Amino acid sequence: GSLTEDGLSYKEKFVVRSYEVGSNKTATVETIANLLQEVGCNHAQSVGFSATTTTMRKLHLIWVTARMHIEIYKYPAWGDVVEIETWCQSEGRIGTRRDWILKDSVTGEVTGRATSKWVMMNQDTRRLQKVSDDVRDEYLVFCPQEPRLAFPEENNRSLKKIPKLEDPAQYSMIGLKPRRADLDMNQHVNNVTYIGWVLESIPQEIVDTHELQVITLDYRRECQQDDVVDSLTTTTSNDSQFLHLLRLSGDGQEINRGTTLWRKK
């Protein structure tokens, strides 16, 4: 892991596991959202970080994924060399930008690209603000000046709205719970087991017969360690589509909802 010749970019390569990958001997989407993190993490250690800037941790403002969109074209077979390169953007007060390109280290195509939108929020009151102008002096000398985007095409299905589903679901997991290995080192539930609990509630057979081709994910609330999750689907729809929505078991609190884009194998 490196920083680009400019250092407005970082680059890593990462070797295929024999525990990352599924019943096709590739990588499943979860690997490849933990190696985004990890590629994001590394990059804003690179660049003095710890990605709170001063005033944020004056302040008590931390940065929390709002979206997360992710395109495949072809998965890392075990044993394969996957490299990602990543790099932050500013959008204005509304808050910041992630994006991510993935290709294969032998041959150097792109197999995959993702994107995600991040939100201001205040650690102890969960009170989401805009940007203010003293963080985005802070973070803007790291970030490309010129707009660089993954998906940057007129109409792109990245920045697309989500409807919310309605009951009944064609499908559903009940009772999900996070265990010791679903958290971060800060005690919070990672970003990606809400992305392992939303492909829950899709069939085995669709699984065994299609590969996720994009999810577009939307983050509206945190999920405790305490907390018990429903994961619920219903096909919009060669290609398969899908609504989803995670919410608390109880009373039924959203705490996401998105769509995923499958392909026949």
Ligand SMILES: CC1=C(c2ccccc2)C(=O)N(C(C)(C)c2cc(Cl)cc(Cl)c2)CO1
Contents of the next structure:
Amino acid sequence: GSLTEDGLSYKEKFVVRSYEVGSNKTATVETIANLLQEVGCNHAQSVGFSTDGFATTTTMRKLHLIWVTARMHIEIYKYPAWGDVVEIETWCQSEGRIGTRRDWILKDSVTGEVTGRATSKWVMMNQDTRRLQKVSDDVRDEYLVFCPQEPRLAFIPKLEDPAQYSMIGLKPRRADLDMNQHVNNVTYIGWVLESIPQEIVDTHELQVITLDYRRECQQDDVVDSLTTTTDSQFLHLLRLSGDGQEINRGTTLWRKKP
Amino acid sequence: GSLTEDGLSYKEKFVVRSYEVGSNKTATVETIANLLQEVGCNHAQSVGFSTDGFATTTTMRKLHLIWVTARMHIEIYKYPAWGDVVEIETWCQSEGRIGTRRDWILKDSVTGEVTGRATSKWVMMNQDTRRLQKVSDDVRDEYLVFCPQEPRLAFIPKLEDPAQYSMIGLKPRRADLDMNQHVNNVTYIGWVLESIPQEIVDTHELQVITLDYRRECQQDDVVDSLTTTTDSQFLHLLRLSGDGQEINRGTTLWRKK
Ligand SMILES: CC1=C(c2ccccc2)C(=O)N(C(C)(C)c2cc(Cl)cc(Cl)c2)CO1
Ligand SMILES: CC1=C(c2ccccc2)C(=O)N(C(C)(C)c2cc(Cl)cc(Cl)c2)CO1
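Condition change, the form solved without ligand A1IPE to the form solved in complex with ligand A1IPE:
Starting with the chain above, the whole complex follows.
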């Protein structure tokens, strides 16, 4: 991949792999989320951020601050097949003192058609206290020149008991942990979807997913995935085993297979 | 990637991805096993096999047979870092009537130094009955021309109760199922390693894994991973939760970091 002409966005091509696809021989939404993160990480490395975190700025490192996902919104018009080339363009925008927003456009590299779009909201957290805080001038100074400064946009209630559907006792595997031994953001997507009935997954494609991130799942945590029906639309809640804390809430929109 | 000069092997380069690495910022053994499968799948497609199975020949389709892994043996000398370029060469050889053998060599793309090797034995079976079939002349005729004909080589007891270590209630998620709707062969590797104590994983690197595949885990099955100590060496057993039907047995060899 590489920075675009103006150095304010980053493009990368990916060949969809045999193990990245599900029943339809098309990329899973988990694969798409992984590719989105990869092109985001590669953008960060191309403008000189260190590999030790997600675009931790010098001052963020001294103050023990990290970027964490508040929200992820993905819309897929067409999932690319095994062996297809997808091109993903990504950029990051400052959102004043609240945090940063990373956006993505997915294209079929052969046709140039837009096959999907994504947007994510990231906030700053003290890595030690897990408390959120406003982006200071000092931190913004260290990344604003890498961001388009005119707007460039690619583009949830709490599930009530009883849930219509559930998948309980979901556990992180060592493969779900990133370099920092934190649960990968993409695992949460997989967990949300686990409580959708197989009959829906077998006959529908996921068109839209919106996830709110409340709290991390640790390596030794156990998670329950809860789903209620609200094209089919669902409301989602991930919470810790034992009526523990909410970790995620979300919605999905599914379209009938063709 | 592409077929090599003589058309009897396939090479592909991979740039190791951010999410493919663990603690040391080097590729997981699960990532390496996935890349091995991918370069194997891409070889199959380059010599004309369709995506509907793992290199199902015309006659295998008529007889309702598929290739399944009987045994996987991987040795890693050096796990490549995030952003490193690894080159994998792969080829397939007939094993008389027993089945096929796919081998892999992993190299540092820049130095040509061999960083790993793998070999796998694959057998023909009806997925539903699990009944094994010796490779007939008619099936061999449909793939032998894509294989080197002279040998080219890249290069287990049942755990007794009680196991020293265990991880119980392991269940496949939707991402663990392949395009043909069965549990990915790499999931079994992850499950085996789940019962290795954290203290070993934190201080050691996996140098060797040998897995014997006894029968498939279905989408709704629940698995127990059992490990006993035998450089540290372990014996491994994956069995169905409840009835204790054997799914896999294996051994691992770990070196200090
Ligand atoms: C400085 C910065 C950038 C950033 C901004 C402009 C250019 C490159 C990175 C950035 O993308 N950040 C976030 C947190 C959005 C990010 C997202 C992703 Cl999926 C990967 C990385 Cl590794 C990081 C925040 O901090
Ligand atoms: C015909 C064939 C080939 C084969 C033989 C020569 C050239 C290409 C494929 C082959 O590789 N087979 C196995 C089953 C070993 C294989 C392994 C892998 Cl990791 C992927 C595929 Cl998709 C299949 C079996 O049958």
